[PDB]
Amino acid sequence: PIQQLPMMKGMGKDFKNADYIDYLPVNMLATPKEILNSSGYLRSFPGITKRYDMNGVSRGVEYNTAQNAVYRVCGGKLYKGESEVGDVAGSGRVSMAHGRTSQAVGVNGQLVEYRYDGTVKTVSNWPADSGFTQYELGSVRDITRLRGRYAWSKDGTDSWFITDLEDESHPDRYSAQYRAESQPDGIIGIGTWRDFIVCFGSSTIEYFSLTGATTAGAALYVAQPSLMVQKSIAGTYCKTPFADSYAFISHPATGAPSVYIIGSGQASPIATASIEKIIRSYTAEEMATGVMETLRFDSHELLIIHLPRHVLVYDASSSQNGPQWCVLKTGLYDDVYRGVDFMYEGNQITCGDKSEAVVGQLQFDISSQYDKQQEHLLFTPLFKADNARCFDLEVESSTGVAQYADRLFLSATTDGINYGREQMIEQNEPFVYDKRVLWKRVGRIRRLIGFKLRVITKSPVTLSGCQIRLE
Amino acid sequence: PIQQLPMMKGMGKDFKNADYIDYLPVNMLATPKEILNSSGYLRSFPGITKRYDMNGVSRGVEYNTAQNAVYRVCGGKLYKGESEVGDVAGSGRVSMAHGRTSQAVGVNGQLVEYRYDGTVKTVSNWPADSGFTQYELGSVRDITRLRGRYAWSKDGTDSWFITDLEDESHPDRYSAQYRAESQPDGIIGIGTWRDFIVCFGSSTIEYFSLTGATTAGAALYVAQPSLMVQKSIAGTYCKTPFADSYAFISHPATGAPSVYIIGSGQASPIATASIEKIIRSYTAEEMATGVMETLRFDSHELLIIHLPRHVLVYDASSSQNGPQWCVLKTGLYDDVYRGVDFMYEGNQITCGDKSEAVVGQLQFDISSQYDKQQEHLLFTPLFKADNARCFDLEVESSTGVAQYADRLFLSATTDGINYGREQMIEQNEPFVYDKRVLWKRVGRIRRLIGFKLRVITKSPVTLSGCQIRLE
Amino acid sequence: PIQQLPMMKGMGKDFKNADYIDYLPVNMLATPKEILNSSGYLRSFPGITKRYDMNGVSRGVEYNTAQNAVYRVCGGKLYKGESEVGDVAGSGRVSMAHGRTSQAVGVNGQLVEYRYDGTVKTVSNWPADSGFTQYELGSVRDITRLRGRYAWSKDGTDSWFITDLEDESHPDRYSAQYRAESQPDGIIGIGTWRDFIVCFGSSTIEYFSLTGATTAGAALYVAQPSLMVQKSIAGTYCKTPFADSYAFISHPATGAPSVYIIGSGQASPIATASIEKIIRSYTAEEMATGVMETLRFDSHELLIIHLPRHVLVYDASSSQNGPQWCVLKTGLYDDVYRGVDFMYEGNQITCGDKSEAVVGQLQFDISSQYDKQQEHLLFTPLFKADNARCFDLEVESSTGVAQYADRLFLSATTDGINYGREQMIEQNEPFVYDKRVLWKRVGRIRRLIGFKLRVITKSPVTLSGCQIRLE
Amino acid sequence: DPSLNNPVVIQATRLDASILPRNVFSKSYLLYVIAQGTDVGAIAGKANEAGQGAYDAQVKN
Amino acid sequence: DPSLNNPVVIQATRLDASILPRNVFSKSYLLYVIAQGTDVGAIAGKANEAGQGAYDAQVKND
Amino acid sequence: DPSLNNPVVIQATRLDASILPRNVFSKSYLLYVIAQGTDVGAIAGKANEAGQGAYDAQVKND
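Residue numbers (this note's numbering), protein chains in the order written: chain P, 1 to 471; chain W, 1 to 471; chain F, 1 to 471; chain U, 1 to 61; chain D, 1 to 62; chain H, 1 to 62.
The hints are simulated quantities; they were obtained by calculation from the structure and are not laboratory data.
Ideal Cβ positions, reconstructed from N, Cα and C, are used throughout, including at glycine.
Among these hints, one or two may not hold up.
What the hints assert, rightly or not - Simulated crosslink set (DSSO-like; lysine-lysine; CA at most 30 angstroms straight-line):
#: 1; chain 1: F; residue 1: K452; chain 2: F; residue 2: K435
#: 2; chain 1: H; residue 1: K60; chain 2: U; residue 2: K60
#: 3; chain 1: P; residue 1: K458; chain 2: F; residue 2: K384
#: 4; chain 1: D; residue 1: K60; chain 2: H; residue 2: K60
#: 5; chain 1: P; residue 1: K372; chain 2: F; residue 2: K277
#: 6; chain 1: P; residue 1: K458; chain 2: P; residue 2: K354
#: 7; chain 1: P; residue 1: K435; chain 2: F; residue 2: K452
#: 8; chain 1: F; residue 1: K384; chain 2: P; residue 2: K384
#: 9; chain 1: F; residue 1: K277; chain 2: P; residue 2: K458
#: 10; chain 1: F; residue 1: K384; chain 2: P; residue 2: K435
#: 11; chain 1: P; residue 1: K16; chain 2: W; residue 2: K372
#: 12; chain 1: F; residue 1: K440; chain 2: P; residue 2: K435
#: 13; chain 1: P; residue 1: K277; chain 2: W; residue 2: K80
Claimed, not checked - Anything over 10 angstroms on all C-beta distances counts as not near chain W; from chain P, calculated:
#: 14; residue: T49
#: 15; residue: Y52
#: 16; residue: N64
#: 17; residue: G86
#: 18; residue: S130
#: 19; residue: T215
#: 20; residue: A218
#: 21; residue: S319
#: 22; residue: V327
#: 23; residue: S368
#: 24; residue: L377
#: 25; residue: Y404
#: 26; residue: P430
Said to hold, decoys possible - Computed, partial: chain H to chain D, Cβ under 10 angstroms:
#: 27; residue: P21
#: 28; residue: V24
#: 29; residue: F25
#: 30; residue: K27
#: 31; residue: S28
#: 32; residue: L31
#: 33; residue: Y32
#: 34; residue: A35
#: 35; residue: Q36
#: 36; residue: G45
#: 37; residue: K46
#: 38; residue: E49
#: 39; residue: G51
#: 40; residue: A54
Same shape as in the complex, but just chain P:
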């Protein structure tokens, strides 16, 4: 009898509390595509190769549609692709929005507009002698652009403003201020969906649409209580557009945090129980420091969450059976994935670096990150086979693209927590396309067994189907 073993998700036990956690693949992506005897295959995440140098770590990225170029803020400098176009203060992550007139960066509680002509303008109240309405701007938390107006949220308060059409430097002349007052929740973040200004609060999410009123002093925006969502975002950058909607991490105010997708005025969780446990492991402030974004290459629609110690990738394409989550990491140990701020830019996917002051492009030919070895892990679920001997452990692997022969470490666990000896297997070989990855005489399963595949390489790993001969 030959039984196929799935590798998309692995069962296991958490040694801290004996609970059943779902072991997730590391630096691997599941593709729901029928090949050979398997309905899908696992492929390594694309490697990173350095493109050009920056000054300081990455702090933000956005595709400037008006200029048809990628703007990113690295360290204390603002970059338009290769070139350098502005200076940015601060050290933390920044929220950016772009418009026809200028490119805006929200830093240090100020909405700084980097106009394409070269001049730099900071948002401030209209001059007193102008006679227009004066507002208490306070500090800027998050910014967005819609209909030629920059919309930003006052820090620590549920009030947000919109810039005037004629002069985007100053707010609107008569009706700049608006409030998300359905619940007493501070507007943690602000975003744009379709024609709606979305005000992500600490308890509720509200939608504002243009009224079109022409009278001076009339409200240009009114809330849409129909589209209100009773969840909220945990941190300022815990939101991102995803699948024609917004994905976010639930704030602790509404209960235990979890990953949700906003749909038609309702939030549908997409986080597995293990993912929710991982998220809950972090403190409130650490989670607030987290940032999430979206990346799309090939058939994959990935949702990347940059938690302080883990990087979680949700693949919407390969989630037919259930929420498919993968963990990205850099180096042999549990270091956080260095790639951040992914953006597709003209045949290349360029990503900033969390640690070094460089920006690199995703290269599908190799799996190394800045010419460094990487770890790829696949865990099979625990299955109960009493007094059963398993002999043939074969996985089909695509080979012939590696610059050096790769080695696969195969180990098996009995209790589900501690793994046994690891066997070295030549899974890849340069310029060889018919190599078979197979191990005979696995052993005898006493009560239950689980398998873990470890690969160290600079070349892509493609493991399709794990079959085992029970006898």
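Take the given structure of chain P and dock chains W, F, U, D and H to it, following the hints.
The following block gives chains W, F, U, D and H in isolation, referenced to the frame of chain P:
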């Protein structure tokens, strides 16, 4: 023949009525997560460890979104997390609502507002010299907040009021009073759902939305007949938000009380016949004194009902087969569960105590409540096996996270009411992860048999699948 | 055992990346029509025979409904079917729209109208002495017609204009200018769908409908936010009507480019991962230079994409199992398909030529393009057969419509990238209808095998079902 | 003249995205239904304001 | 002024609640749909009456 | 008086009959929804015209 025995729900007979009641797990949570040969596994409820002391028993809790902190009322004192911020009279349960200006507590028929500046203001009519409209406020039953207005219900009457926008201390200047007069039902409780003020009556549930009228003296709220529900709540605190809706216990006016969930102007029961019998066992007054709340950790969405003698937990996540209900109890006997008023607060779930004047946090590492042994029970359904001998009784258990070896008591019933001798089995052992919990030579089943598993421990209990070899 | 091998999609590995890509049929079309033992059959794309000469390569085509004739621009000349009616400047592709009064061609940033009376008029502002409103027209990117108004988009800006009803030469007297300002996106292309003007941007797609306002200076068009699509088109001519909707290639701004179909305000991808990789292989500029169109003959509804190096055909009729994509190529090597700008014109389908200055009609009798041999390829998926010998390889073929005997080259791959020796098989014979295409003693499959069928002919190729006797 | 005084009553204020068959309607129609509810409210407001203005003009005349 | 004379035509006055997809719409949504039909009828009536009143005031003032 | 000046905005002008469900709605309801969109547009137009007329009468009377 190896037959798997489910443990999610257990059949049985009620000795007082000879009716087939459904035995429920005690301190045991079902998780629908495919592992080994079972579709789900049973995990013990998280234990409680003391966080810090209080004065008096718990009386209420809510997450103050404006202050981003948890406010709870213990005894005669109001606490903002660790610190103490005010004094609260009375002794019974209180309902709290929070706003930007102040935190409000509804006690002794008065809406007391504990302003963040330190001052305390009580809701009362406008001064006579002001010239504003005067109302007969009477006594306050339940309170809620929406759009910066404190909405509270007059005790013993179907009238409810809303505070003025400029001054939250006094009611609205001209249009404070509103009535839920679709039926002659007193407003037992009031709550907020999305942008609707919900008036839970004694026979009907009504929804009110803001009109937006600007004329002085015009009605700000009008009832929404389309969303009216013809059921009602039994007690003042027999309601709670749940699954983007409200869950409640039906009032005796509409028939025998039962648990319902409001959906699109209709109430869909979620109570098993056994649960409804348990609820009916109480008197009307005892039913009124019951309080329910919601708790969400991991993938579980729990609806906890704190009845005077029973504590019932409804798990929406594990309700695929049917309404999954669990009983929570403290101590070796049938004492009521001591934890109450659960609230997730920054990486921890804090719960008040019904009996002692302490507040504790839920710890998933252990299952002991305040360092005390707790009982965990699992009942298998009665199944008719005639002249069949069953030998191998094995349950998969996760072990190795206990500070002392656990003992599992296994017993079987033939009549379905009285159980036989109990056999001790080593369920858990410190630092052992491959232990097997198995009993051989169960006996011979004459007509029908059912199994009950009892665990006394300070450590988490995880039982996956009960299989039995019939022969 | 006799196992049928599908030929609609072929499996394989990409030697540059070791990834599993789909080998697509070349110059073949899938037809989901039940015959013999197969649910469908594969037929060669119709050949091209020269109709009459032209001057210069093809640059555009449209069916002039008012004149009931096909207008196409070849080289520097405009043709009304056989005849020549005007002169067109420039050298690149041109977008044309037609009206009752005139036929318009958008070339060199100018909307040139070729009136049927023989005169030529160019769109320009109203005379200054007329007193009508003046606009900054700039340069024209794409044009369209609706309700007797020529609608064109300003190049490099999100503004678009509409011509006056009384005089189509000049823009509207008072309300010509409109802006797609929901996002700061330049209007890459413009099109007409039902009664909406569609403004395909660089990030968003918007719909504009007639207001019907009669007041002078009032806006005639307002955006429809309900139908807005958050995707966009990559290039100016990367759009075309298809299946009562618009199909397009996603702009790099929204992520990796992919093929989408607009449905009810949402974009549904129809591109296989292999197709998306093929699209990503091109640069942004080369992607922009791509042009796509639609063709419908028999039951096939084809979406043809003329990328710089590949020509991809999407058959919506034969997409029951999944997105069916076919590659069209000219010559023995991988040269781009020469036919372009297909249009059905009174019992004939006429297509321009990318390289030569001729126009030809699609002839279903033959498969040769301008009396030249063409390559037809069919790839079977890789299937894992271990230690299995396969002997009888038979494909059903329709024969008897060839002017010379055809030879079929049959080869098999083991690694999935490199193919073995090719065996010649007499695929077709003149005036023979009962010939059987069959090869015995294929060989022994070590690990896995895949088959590729190559046909070089001037005659139609029809292959029904690939069955193999695996033993 | 006096019929212009009394305002016309209205239905429920809006469709609060919980009674809609949200698994049936497309995204555009799902937006359209709430848009129609809000616009019905707005047209009711405008019609009542115009009736009030017409009554005031009539009595003043 | 003369435009205020002619009333605007209306669709079918009511929804029969037998043509609605009763197996799909929630019953609260059903109530909303019939209420919307009735309210559109009422708003049409009020708008036509207000237009008539505005025309009468306009001509009397002229 | 000044409130009668500005017309109230409109939603999407019409239902496309291609965004509606067509395996759910019957023919009568499919016609009714389209007629309802058209009638909402017409009622908006009539209400705006009546408001304009009321404003003109009010200012002339003043």
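query: Holds or violated: is there a CB of chain D closer than 10 angstroms to the CB of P21/H?
result: With Cβ-Cβ at 8 angstroms, under 10 angstroms, it holds.
Quick one, are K384/F and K384/P close enough, alpha carbons at most 30 angstroms? Cα-Cα ~28 angstroms, so holds.
* To do: Examine each Cβ of chain W, and state whether all of them lie more than 10 angstroms from the Cβ of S368/P.
  => holds, 35 angstroms
Worksheet entry | Interface restraint verdict for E49/H against chain D (beta-carbon cut-off 10 angstroms) | holds, 6 angstroms
Beyond 10 angstroms from chain W, beta-carbon-wise, is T49/P? Non-interface label on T49/P holds, nearest chain W Cβ at 38 angstroms vs cutoff 10 angstroms.
| message | Holds or violated: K435/P and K452/F, Cα atoms, limit 30 angstroms. | response | holds, 22 angstroms
**Q.** Status of the stated non-contact between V327/P and chain W (beta carbon gap over 10 angstroms)
**A.** holds, 18 angstroms
### Satisfaction of the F25/H interface hint, Cβ to chain D closer than 10 angstroms
holds, 6 angstroms
Handout entry: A54/H as an interface hint toward chain D, with CB separation required under 10 angstroms
Key = Status holds, d = 5 angstroms.
Given as non-interface: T215/P, partner chain W, CB spacing beyond 10 angstroms: holds, 14 angstroms
Please settle this one: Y52/P was flagged as non-interface, so is its CB more than 10 angstroms from every CB on chain W? holds, 40 angstroms
request  = Sort out whether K372/W lies within 30 angstroms of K16/P, counting only the CA atoms.
outcome  = holds, 20 angstroms
Violated hints are absent here; each numbered hint is respected by the structure.
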